[PDB]
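**Q** The chain contents come next:
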Amino acid sequence: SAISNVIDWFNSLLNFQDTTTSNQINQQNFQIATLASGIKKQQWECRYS
Amino acid sequence: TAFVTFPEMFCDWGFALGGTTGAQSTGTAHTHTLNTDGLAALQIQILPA
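Same order as they appear, the protein sequences are chains U and P.
Here the first sequence stands for residues 1 to 49, where the numbers follow this note's numbering.
Here the second sequence stands for residues 1 to 49, where the numbers follow this note's numbering.
Please note: incorrect hints may appear among the correct ones.
[Said to hold, decoys possible] Dumping the calculated SDA-like pairs for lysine to any residue here, alpha-carbon to alpha-carbon at most 20 Å:
hint, chain 1, residue 1, chain 2, residue 2
1, U, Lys40, P, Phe6
2, U, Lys40, P, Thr1
3, U, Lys41, P, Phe3
4, U, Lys40, U, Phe30
5, U, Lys40, P, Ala2
Keep in mind the hints are simulated off the structure, nothing from the lab.
Given the sequences, and given the hints that come with them, work out the whole structure.
**A** Take a look at the structure:
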């Protein structure tokens, strides 16, 4: 039972590890995309975006 | 939040004229004096069906 519990805890830790890494990558990419895009000049202010 | 072809402040308001006009078409040569009685703003276009 002790080894089985250790197996379960290690699997849970690996799941948390991958979820946290994916969340970090997604958050950083989302912030970079938001910074890259955003407000653009309207048609009357200037011709180009 | 909205988008407009040109700022609504023109559609709501106008500008006061000032200065002096040029030569006339015919008659005694003279130049009229502009004042606040002259309003510069957008026009109205009629349109049939």
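**Q** Could you work out which earlier hints the structure fails to respect and list their numbers in ascending sequence?
**A** Violated hints: none; all satisfied.
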